[PDB]
Structures are given as structure tokens and as C-alpha cells.
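When you get a sec, could you build the whole thing from the sequences and use the hints?
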Amino acid sequence: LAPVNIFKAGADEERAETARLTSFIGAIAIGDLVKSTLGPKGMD
Amino acid sequence: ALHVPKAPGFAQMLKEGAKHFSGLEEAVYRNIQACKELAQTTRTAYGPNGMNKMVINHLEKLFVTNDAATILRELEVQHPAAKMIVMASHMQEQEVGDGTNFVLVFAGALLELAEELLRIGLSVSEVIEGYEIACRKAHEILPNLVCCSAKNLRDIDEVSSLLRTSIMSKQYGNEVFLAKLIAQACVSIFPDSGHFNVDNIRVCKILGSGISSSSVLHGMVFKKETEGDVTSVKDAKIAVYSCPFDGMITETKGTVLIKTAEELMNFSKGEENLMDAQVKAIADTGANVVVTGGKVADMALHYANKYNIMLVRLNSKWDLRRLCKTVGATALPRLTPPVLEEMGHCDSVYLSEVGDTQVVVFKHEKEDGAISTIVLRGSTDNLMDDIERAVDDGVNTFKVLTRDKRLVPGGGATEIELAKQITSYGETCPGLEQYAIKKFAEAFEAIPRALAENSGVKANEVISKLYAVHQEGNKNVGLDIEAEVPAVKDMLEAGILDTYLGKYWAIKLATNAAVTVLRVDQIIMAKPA
Amino acid sequence: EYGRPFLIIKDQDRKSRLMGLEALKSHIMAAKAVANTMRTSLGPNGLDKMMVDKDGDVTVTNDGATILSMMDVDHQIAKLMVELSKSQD
Amino acid sequence: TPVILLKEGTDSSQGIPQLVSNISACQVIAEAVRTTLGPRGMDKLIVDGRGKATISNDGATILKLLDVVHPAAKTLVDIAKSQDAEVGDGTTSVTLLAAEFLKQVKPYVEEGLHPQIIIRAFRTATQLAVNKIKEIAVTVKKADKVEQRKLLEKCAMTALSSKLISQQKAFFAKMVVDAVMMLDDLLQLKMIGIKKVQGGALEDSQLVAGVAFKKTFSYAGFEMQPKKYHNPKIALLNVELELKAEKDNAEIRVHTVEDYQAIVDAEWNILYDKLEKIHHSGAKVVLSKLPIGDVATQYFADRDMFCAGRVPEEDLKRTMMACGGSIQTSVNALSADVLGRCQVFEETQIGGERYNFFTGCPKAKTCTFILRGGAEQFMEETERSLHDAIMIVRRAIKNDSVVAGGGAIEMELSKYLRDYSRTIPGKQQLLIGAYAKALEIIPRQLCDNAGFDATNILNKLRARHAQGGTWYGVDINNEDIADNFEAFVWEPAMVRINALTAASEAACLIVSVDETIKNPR
Ligand SMILES: Nc1ncnc2c1ncn2[C@@H]1O[C@H](COP(=O)(O)OP(=O)(O)O)[C@@H](O)[C@H]1O
Ligand SMILES: Nc1ncnc2c1ncn2[C@@H]1O[C@H](COP(=O)(O)OP(=O)(O)O)[C@@H](O)[C@H]1O
Ligand SMILES: Nc1ncnc2c1ncn2[C@@H]1O[C@H](COP(=O)(O)OP(=O)(O)O)[C@@H](O)[C@H]1O
Ligand SMILES: [Mg+2]
Ligand SMILES: [Mg+2]
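Residue numbers (PDB author numbering), protein chains in the order written: chain E, 6 to 49; chain B, 2 to 530; chain D, 11 to 99; chain C, 4 to 471, 483 to 535.
Accuracy of the hints is not assured; some may be wrong.
Derived pair list, reagent style DSSO-like, types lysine-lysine, alpha-carbon separation capped at 27 Å [as the list claims (entries may be wrong)]:
| no. | chain 1 | residue 1 | chain 2 | residue 2 |
| --- | --- | --- | --- | --- |
| 1 | C | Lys193 | B | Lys307 |
| 2 | D | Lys25 | C | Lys55 |
| 3 | D | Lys96 | C | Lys217 |
| 4 | C | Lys366 | C | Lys230 |
Hints listed in this document are in silico derivations from the structure and should not be mistaken for laboratory results.
Here's what the structure looks like:
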């Protein structure tokens with residue numbers, strides 16, 4: 006990160022690797038949460 | 002350790018936070034100290050060579066002046082004795098208008114001299130009687146020193162030469178120009194009868210060029226803007242109204258009631274026709290400019306522009322009266338076409354711009370008129386305020402000269418003569434009041450001493466030379482400012498004069514304040530709130 | 011005369027200043043940071059940015075003007091670049 | 004000690020130390036705007052409490068933006084404001100001159116010298132300098148109608164040399180001269196419009212001899228009426244055209260349904276009567292300060308006429324002055340002489356906005372600027388730069404006396420005062436010499452900003468000015495000196511006449527102060 010600040014306090018930025026990691030983790034968690042309710046023998 | 006509990010009686014019955022001072026050691030010797038310190042505070046702003054002083058009040062406003070009354074007003078004093086001295090100075094300013102520092106110097110000197118008499122043994126009453134006797138003798142002596150009385154108060158050069166000194170004591174270098182300006186302004190408005198109102202001189206300040214670009218104008222200027230399309234008139238007949246320039250209504254609540262449609266279709270047309278008729282009736286008399294003190298309406302403005310009427314709105318409730326005095330008109334409390342007696346006449350009425358300021362000018366060619374205005378140009382508001390105060394002192398001096406025509410020499414000559422004669426008188430009085438009389442005589446050297454100290458010379462040599470030259474019979478010899486060696490100069494030839502009435506009132510008020518301070522014995526103060 | 015600390019400017023002890031070439035270098039660094047952030051969204055093969063609002067709303071966009079408008083910055087040079095982009099738009 | 008004279012919290016300081024402190028503070032105040040002088044001067048950025056930024060090269064603006072609370076320092080802000088109000092240019096030079104005077108007379112004050120002698124010497128020197136300037140100024144009695152334009156153009160170009168628009172000074176000087184020569188005899192500033200529309204380049208700025216203003220709020224139907232006219236007639240009104248209650252004081256009491264219906268019809272009859280009175284006059288464009296209703300908009304659109312409401316008062320006055328009509332509060336006397344005329348009217352797209360243009364009027368007594376740029380502060384600084392040229396041109400129209408710039412006049416005044424000082428004896432000689440030495444701060448600051456060897460250039464300038483080259487100053491591009499009168503570096507004599515008087519008056523006022531007293535809170 007540059008020594009100069011280009012954001013207000015509390016503002017955040019995520020670049021390539023971290024952004025991809027966060028997006029993939031969130032999507033996979035959402036899918037895994039609802040996988041269990043699929044098919045004739047799904048549960049509630 | 003142990004404690005000293007209290008004294009029985011009043012010391013125990015006193016409230017918490019109150020103060021009780023009694024005796025010579027706890028009241029008189031502290032009041033003298035307070036008054037002496039107050040006098041020392043403003044001693045350095047006395048004379049032509051006085052230095053300016055910068056004061057910031059409790060609202061973070063900035064003052065730069067060497068006027069004693071303004072300095073004392075802007076300072077805040079917590080000590081009652083200094084408060085009484087301040088009120089004495091303010092009363093002197095109200096009564097005459099110049100001499101507010103002489104009072105402080107004289108009172109401080111008198112008190113600091115009475116202190117040593119009290120120390121060596123005399124009581125307060127013997128000091129008071131001696132001071133009163135000496136003051137009466139001084140008032141008796143004073144007239145004999147009158148010289149060079151005023152001759153003509155309608156001659157420009159003589160008025161300038163008489164007013165030069167009181168301005169030179171504050172603006173060293175610009176005194177000639179300021180005296181010329183103020184002399185013109187004062188001679189312009191001086192009637193046949195002796196009555197000279199101070200309020201009839203107006204001062205207007207415009208930021209811009211230097212002081213040398215100031216001017217005087219025979220009429221009135223307002224920092225306003227013309228409300229109409231017309232901007233200039235070359236021979237103006239003026240109408241003045243105190244009511245708003247609009248169709249009037251009832252004082253009681255009113256309501257337009259309609260039961261048909263013809264009334265609804267005709268109301269606004271009738272109102273517009275009525276307003277047009279009124280405006281044209283006003284315009285038919287020949288009025289070029291209408292001055293109003295209140296609100297103007299859009300329809301009225303439209304018709305005034307239609308009939309080529311200049312419309313000016315000024316609003317102070319006092320500027321309207323001053324304009325009426327200036328032009329010769331009478332304010333009308335109802336909107337009616339004026340009669341000739343109610344109609345004012347002014348030569349030129351126009352809108353101009355000076356140094357990023359839009360002004361409206363009513364101007365005459367007459368050298369007398371009724372009032373006049375002084376337009377000041379400076380590079381700083383503080384400088385303009387100081388010049389305004391100098392102009393005020395000049396006007397007050399002119400009014401005092403109107404009241405009384407007698408002058409006395411200045412620059413220490415009068416004080417030295419009074420001190421010498423009072424000492425000679427007090428030499429022959431047997432009793433214990435001779436010490437008080439001699440101290441009263443000695444207190445007069447404080448003025449030439451302060452002048453010499455401010456000038457930057459040795460005061461002892463100046464005083465000794467003044468005494469030596471006065472012993473030969475020269476009553477018009479005083480301190481010389483221009484020389485770098487302590488010297489003396491004839492004041493009558495140099496034109497350094499000052500009014501008799503101012504000296505009279507200053508001596509009277511200073512003596513009264515000093516004896517009033519001396520009369521107090523014990524003080525009871527409640528806790529501040 | 012002892013020219014002790016004398017007060018000239020209101021709130022003198024809590025304001026800062028920057029002069030000389032240091033200010034110019036700081037400006038250049040801020041401009042470089044903004045340009046380097048905006049570099050990767052150029053061309054038919056460029057990628058896009060995901061911006062989260064103050065209230066949690068999501069915007070996936072490739073428009074430089076909208077990105078710079080939705081970013082919140084303190085640097086005056088950064089604000090100048092934002093205004094430049096908006097004027098072009 | 005038991006009872007104190009003044010209130011607790013009072014602060015007092017007297018004698019030589021406080022005078023020295025005032026002299027010291029004035030130096031900081033002058034250092035605040037030191038590096039903004041000359042063709043190679045930079046500018047400053049100021050951020051306020053609310054985060055709003057201001058980028059400026061104007062000395063008066065910078066000094067106002069600084070929050071100065073020193074009583075002695077406030078005088079240097081006051082004189083800058085006075086100079087800006089009086090002549091409109093020269094705000095930094097006066098502050099630098101005042102600070103130089105104070106710094107030069109500091110040691111004599113430290114030696115115990117009485118300040119009134121210094122004040123007298125300053126007054127004498129100021130009078131002599133002003134007299135010499137008025138003597139050596141250059142004027143042409145009966146030059147021409149066209150030699151009265153190159154003078155104004157040269158003055159404007161010199162005034163624009165140190166600003167952000169320095170590269171387009173030849174482009175902007177022509178427009179400012181035209182704007183001023185198209186302006187009355189009172190030369191009112193409000194009769195010149197300045198508009199700022201984002202986008203575009205600086206060379207896209209334009210001057211319209213006529214009027215132009217931003218689109219206002221519009222109702223349904225505004226898109227159904229034409230947007231270009233060739234020879235229209237323009238009605239300017241201060242009347243509100245919409246269906247409304249006659250008066251808020253009114254009330255209607257009725258008994259029968261027939262009278263109810265008549266009352267309902269009466270309002271429509273009134274509004275349509277006003278609309279037909281407007282229509283039958285022949286006017287094709289209608290402008291009002293008051294709201295124009297949707298009914299009125301559709302009525303006008305159904306007859307191919309243009310209407311605009313809530314037009315600002317200043318814009319309406321400028322339009323009236325350009326076209327030649329008069330504001331009407333009543334539509335019962337709409338004659339021809341109260342209708343304005345223009346040679347073409349349009350509505351156009353400018354940088355995301357919609358603007359109404361009235362152009363072609365030859366009897367115009369006004370004009371409007373359309374300024375382009377890339378940022379709000381860019382346009383604000385452009386406007387500030389234009390104002391400086393406008394005021395200078397107005398003063399030059401008033402009086403047409405000019406002197407050369409670049410330090411030539413200051414060098415000549417310094418030489419004159421130095422020659423005069425050798426005649427008189429005493430401490431007046433020393434004080435006049437100090438005053439004469441204080442005048443050459445301007446060429447030194449010019450060379451310091453440009454990055455030269457100031458000492459050698461000053462030596463060459465002094466050597467040239469004494470040998471006999484009255485108008486010789488520094489040449490920024492050539493690294494040397496050059497005759498600035500043949501290089502067309504000109505300015506009216508007022509700028510230096512007012513600068514000397516203002517700077518001398520502030521120097522005297524500060525020196526003549528003995529002590530300062532501060533009251534609590
Ligand atoms: N040219 C002068 N030479 C000597 N004394 C002067 C001169 N002008 C004024 N004075 C003296 O200055 C004294 C005080 O005037 P000033 O300083 O204005 O304070 P105030 O008038 O309020 O007492 C007067 O008594 C007068 O004699
Ligand atoms: N098919 C293409 N082949 C080569 N260059 C392209 C092609 N399409 C777009 N570009 C280039 O990509 C650049 C950036 O365009 P774009 O990413 O759409 O954003 P912007 O137009 O705002 O710069 C343009 O300068 C353009 O020349
Ligand atoms: N082309 C030029 N060559 C040399 N000096 C110049 C030139 N243009 C302007 N100057 C100088 O710059 C000074 C003007 O400074 P500036 O920063 O424009 O504002 P101000 O007029 O308030 O000082 C003048 O003293 C003038 O002599
Ligand atoms: Mg006096
Ligand atoms: Mg300039």
C-alpha cells in the first residue's frame with residue numbers, strides 16, 4: 006500500500022487475490038448451505 | 002498549631018464572601034494606590050507626542066486610539082475609586098468634550114500628594130479645606146490670564162487657526178488639512194442665530210484612497226441603491242412620505258366578499274386603475290423624486306417607472322428627518338399629492354460609485370444649506386475611526402467657541418502661572434492649611450512634566466527654565482516640542498491656545514473627584530455575582 | 011525581547027502545512043495511485059470493479075466515471091481526478 | 004493586591020519588545036504570499052473546516068482565507084482588501100512593501116530611536132515618490148480611436164501574465180476589451196455575466212454580445228413548442244400566469260348552483276383573458292419572474308410560442324438592457340414600445356446543460372461570458388483572473404496614464420530617493436536611505452521566483468539606472495535585463511500610486527502603537 010492515504014477512515018479496498026478469495030468463499034458457502042434441501046429425500 | 006478564631010460581633014455576623022475595610026491603612030492608602038495606578042496607565046497618551054494604544058474588548062473588537070475617554074470606556078475597572086474617577090472623566094467629556102486626560106492626571110497627582118501630608122500628620126479634613134480654598138483661589142485667578150479672544154466665527158481662516166490646536170494634539174502632521182476641512186464644514190451650517198447644533202454634521206466613511214482624498218459635501222449621501230429605472234435628476238422637486246408606497250388597508254381585519262362573478266372579474270382591474278390614478282395625481286404636481294420610509298409595491302414601482310419618477314427608499318426614521326431638514330420638505334403620513342409648501346427642492350440627485358460603494362447623493366450649490374457631510378477616505382477602518390474622533394473633537398471645540406469667546410495660552414504656561422500664583426498666595430496664610438495649599442500648587446507641574454516626558458527630554462530642566470522665565474513677567478511662555486534640547490517658546494505668537502471654559506470645568510471636576518475620594522472612611526463590599 | 015511562542019493563526023497548534031517539492035511529490039504519488047487503480051479496466055479484455063455503498067448496496071461496473079464517483083477520498087488531487095473524469099463524461 | 008484594578012485575565016505588554024513582536028509577525032504575514040509574485044509564481048491550496056478546498060493565486064483571497072487573529076497582522080489584510088476594492092490589482096506588492104519597510108526600520112527602533120521621527124521620514128518619502136511618479140508617467144493627449152485599444156490590450160495582457168490563463172492571454176484580452184467597450188458610461192460590473200459550464204477546453208470559452216442563461220423548471224408540454232426563432236418579439240413580465248385564488252384575503256359566499264357554475268367559469272375566463280392579451284400583442288417569446296403554469300405552457304405550445312418562468316432578476320434586467328423593453332406588471336397596456344427585439348433566439352446543448360441564447364441585438368449595452376474548464380476550482384480561478392483584467396481596463400478607460408513594469412519604476416524611485424537623501428543631514432538621511440533601499444524588494448522577489456542570481460541582476464539594474483534607461487527591468491525569458499517599455503510591459507500609474515500610499519499608511523500605524531491590552535473572553 007502506498008504511504009499516502011486515498012480513503013476515509015473505515016473505507017476498505019481488496020485487490021485481485023483477496024477479492025477472488027472472498028467472492029469464491031462466499032458463493033461456495035451459500036451453495037453448501039442450501040445443498041441439503043435438494044431432491045425427493047431432502048430435509049427441512 | 003492553633004488558630005485565631007474570629008472577633009465577636011460584626012466579624013462573626015458578616016456574610017460569607019463579603020469584605021469590610023476600615024481605617025487609614027486599609028482604605029485610604031489603598032484607594033490612593035488604585036487611583037495612582039489608573040492615572041499612570043493613561044499618562045503616556047498625553048500631548049502631541051502621545052503614543053497610540055491598542056485595546057481589544059470582551060467581544061474581540063479592535064480599538065486603536067489615544068483618546069482617554071475611549072480607552073477608559075473600553076477598559077473594565079473593578080476598583081470603586083477608579084470607577085469614580087472614570088465617571089468624573091465621562092462627565093467632563095459630556096460637558097465640554099475635550100480635557101478627559103487632564104482630569105485623570107490632576108486627580109492622581111492630588112491624591113498622591115495628599116498621601117504624604119496624611120503620612121506626616123495632617124488629618125483628612127484639613128487637607129480637604131486646603132484643597133477647596135486653593136480651588137476657589139485658582140478659579141478667581143484664571144480670568145486674568147485670558148488672551149487673544151475669538152473675533153469672527155464666520156471667517157474660514159480664523160476658524161481654522163482657532164481649531165488647529167485641538168486636532169494637532171491627536172493627528173500630528175495632518176492637523177492643517179483636518180482643520181481646513183472641519184472649518185469649512187462648520188462655517189457652512191452656522192446660522193445667523195448663535196444656535197449651533199453638533200448633530201448637524203454627518204460623517205461617512207468609504208474604504209479606498211488615502212486621508213488626503215477626504216472631502217466635504219453640502220448635502221447628504223446614503224449608502225443605498227435607486228429602486229427605479231431613473232438614475233439622475235438635474236433640478237429635483239422632492240416629495241417625502243413616511244407611510245409605505247402602497248395602497249393602504251384598514252387597521253381592523255378586512256375581507257373582500259363577493260357574491261357574483263362580475264365583482265370577481267372587476268376587482269383587480271379596479272384596484273390597478275385606482276393605483277394608476279393616485280400615482281398620476283402625484284406626478285402631475287411636478288415631482289421628480291419620491292422618497293419613502295417603508296415598503297414599495299410592484300404596481301406602484303411599475304407606474305412610477307412609467308411616468309419617469311425617481312424612487313428612493315431610505316429607512317432609519319432619523320435619516321428621513323435629516324433629509325427633510327436638508328431639502329425643506331415635510332413628511333406626509335398619508336399618500337396624497339403634496340402641496341407646494343410640503344414640496345422640497347434640491348439641485349442635484351444622482352447615483353454614483355466610490356471605491357466599490359454605491360451611493361445616492363443629494364447635492365446643493367448653496368454654501369450655507371442646513372447640514373453638511375464629511376466623506377473620509379482611508380486604508381483602514383481603525384484609521385477612519387480615529388479621524389472621525391478627531392473631527393468630533395474639532396466640532397465640539399467650535400461649539401464651545403460659539404458658547405464662549407475667550408482663549409488662554411497652552412503648553413504648560415497656564416499651569417505654571419497658576420502654580421506660581423497659588424504658591425505665593427499660600428505663603429501668607431497662617432495655619433495648617435498652608436501645606437495643603439502648597440501641595441495643590443505643586444500638583445500643577447504634572448501637566449508640563451508629562452508633556453516633557455512624552456516629548457523625550459529632561460522634565461526638571463524644562464520646569465526650571467519655565468519658572469525662571471515666568472519670574473521676569475512673561476506669562477505666555479511654554480514648552481517647545483520641535484527642539485531636541487529642552488527649551489521654551491512664546492505660545493501667543495505660535496498660536497497654541499485652548500479654551501477657558503474647558504480649563505474651568507476640568508479643574509472643578511478634578512477637585513470634586515479628589516475630595517470625594519478622600520472623604521470615604523470605610524468600605525463594605527458584597528460578594529460578586 | 012524573547013520572541014516566545016506568539017499566536018498568529020487561530021487553532022495554530024492543530025493545523026499542518028506542506029511546502030516545497032514535498033507537496034509536489036505527494037500530489038504525484040496520489041495521482042499515480044489513482045491511475046494505477048484505474049489501469050486494469052481498459053480494453054476489451056479489461057475487468058470490472060465491485061463497489062459497496064454506504065448502506066450495503068452492490069454495484070458491479072466497468073465505467074471509470076461511475077467508479078470514481080462512487081469512491082470516497084480525502085486527497086484533494088484524487089478529488090481533482092474524479093472531477094476530471096466527470097467533466098469528460 | 005487585596006482589590007485589583009482591572010479584571011483577572013487581562014494581558015498587557017509595553018515597550019520595545021511588543022513593537023519588535025509586531026514587526027516579527029508582519030514578516031510571517033508577508034511570507035505567507037511571498038512566492039505568488041511574477042510570471043513564474045505558483046499558487047496555494049487552502050482547506051477549511053468543512054473540507055472545501057480553494058486553489059488561488061490572488062493575494063487578497065489567500066489572506067482572507069487565512070485565519071489571522073494577530074492585531075498587528077490584521078492591518079496587512081486590511082490594506083490588501085482596500086487595494087483590491089480601490090484598483091483591483093496589486094494586492095501582494097503592497098503587503099511585501101509594508102513588511103519590507105517594517106523590517107528595514109526595525110534596527111533603528113531597537114536603538115531607542117523615537118518612532119515619530121521615523122513616521123515623519125516615511126511621510127516625506129511617500130509624498131516625494133508619488134510626486135515623482137506623477138511627473139514621469141507617460142500619456143498621449145490625442146492618440147486615436149485605435150491607439151486607445153492597443154493600450155488597453157497591452158494593459159490586460161500584462162495583468163494576465165501571472166495567472167492560470169497565461170498561455171491564452173492574447174485570446175482573453177480581446178474579449179475583455181470588447182466587453183468593457185460595450186458597457187455604458189457608468190461601467191457597472193453587474194452588467195457583465197459570467198457563466199461556468201463543465202466540460203470542454205479553455206479555448207472553447209466564448210463571449211456572446213446579447214444574453215444567455217440556463218434553462219429553468221418546465222412543466223408538461225414544454226417539449227411541444229418550437230426552439231428557434233429568427234425575428235421574434237419578447238415580452239418581459241413580473242406577473243404570475245396560473246390558475247390561483249384572486250387574493251388570500253378573499254372569500255366567496257353563494258346561494259345557487261347556477262351562480263356556483265358561473266363562479267367556477269370566471270377564473271378560467273380571467274386567465275384566458277390575460278393569455279389572449281399577451282398573445283394579441285405579437286410577442287413570440289415570453290419571460291417571467293413568476294411561475295408559469297401548465298395550463299399556460301400548453302396554451303403557448305398550442306400556438307407556437309415560447310415561455311419561460313422563474314427567470315432570475317439579474318438575468319431579466321440584463322435581457323431588458325440588451326433587447327430594449329421594460330418589465331411589465333400588467334398586461335393591459337402591452338404596446339410595441341415595451342416589447343424587446345432580437346435578431347435570433349435559440350436553445351442549445353452545452354456540456355450536459357440546456358441554455359437559452361438571445362443574440363444579434365446591435366444596440367446592446369451588455370454581454371455574457373461562457374467559460375469552460377475541467378473543474379469547479381479551475382473555473383473559479385479563471386473567473387478570478389478575468390476580474391483582475393476587467394477592473395484594470397475600467398481604470399485605464401477612466402485615465403490613460405501608464406508606466407513600465409518589471410521593477411523599472413521601483414528602481415527609478417529608489418535612485419531618486421537615494422539622490423535626495425544625500426542633501427539632508429541627520430537621522431533623516433539614514434531613514435530616507437532605508438526607505439529607498441526597501442523599494443527594491445520587488446525585482447529581488449521576481450528574480451528569486453524565476454530562479455536567477457538576483458544580486459548580479461540588481462547590480463546591473465542599479466548601474467544602468469544611474470549612468471543616465484528610465485524604463486529598464488528584468489527579462490524573465492532572457493535571464494537578463496531589458497527595456498520594458500519597448501517590450502510592452504505596461505500598467506496604469508494608479509496601481510503604484512495607491513500601493514505606496516496604502517503601504518506607507520499601514521507602516522506608520524503599526525509603529526505608532528505603544529502597548530496592547532487584551533480583555534477576558
Ligand atoms: N503644539 C503644541 N505644543 C505644546 N503643547 C501642545 C500643543 N498642542 C497641544 N498641546 C497640549 O496638549 C495638552 C493636552 O491635549 P491632549 O493630549 O489632546 O489631551 P486632552 O486635550 O484630552 O487633555 C493641552 O494642554 C495642550 O496644551
Ligand atoms: N476490438 C478492439 N481492438 C482493439 N482495441 C480496442 C477494441 N475495442 C476497444 N479498444 C480500445 O480500448 C480502449 C479503452 O476503451 P474502454 O475500455 O471501452 O473504455 P474507454 O472507452 O472509457 O477508454 C479504447 O481506447 C479502444 O481503442
Ligand atoms: N512579462 C513580465 N515581465 C516581467 N515582469 C512582469 C511581467 N508581467 C508582470 N510582471 C511583474 O509582476 C508583478 C505583478 O505581480 P502579480 O503576481 O501579477 O500580482 P500583483 O500585481 O498583485 O503583484 C508586477 O510588479 C510586474 O512588474
Ligand atoms: Mg484634547
Ligand atoms: Mg497582480
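Legend entry - Restraint status (C-alpha distance of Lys25(D) to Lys55(C) at most 27 Å): Holds - the C-alpha atoms of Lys55(C) and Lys25(D) are around 15 Å apart, at most 27 Å.
Inset, instruction - Sort out whether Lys230(C) lies within 27 Å of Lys366(C), counting only the CA atoms. - result: holds (24 Å)
Legend entry - Restraint check for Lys193(C) with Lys307(B), where alpha carbons must lie at most 27 Å apart: holds (24 Å)
Inset, instruction - Quickly compare the C-alpha distance for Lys96(D) and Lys217(C) to 27 Å and report which way the hint goes. - result: Holds, at about 20 Å.
Checked against the numbered hints above, the structure breaks none of them.
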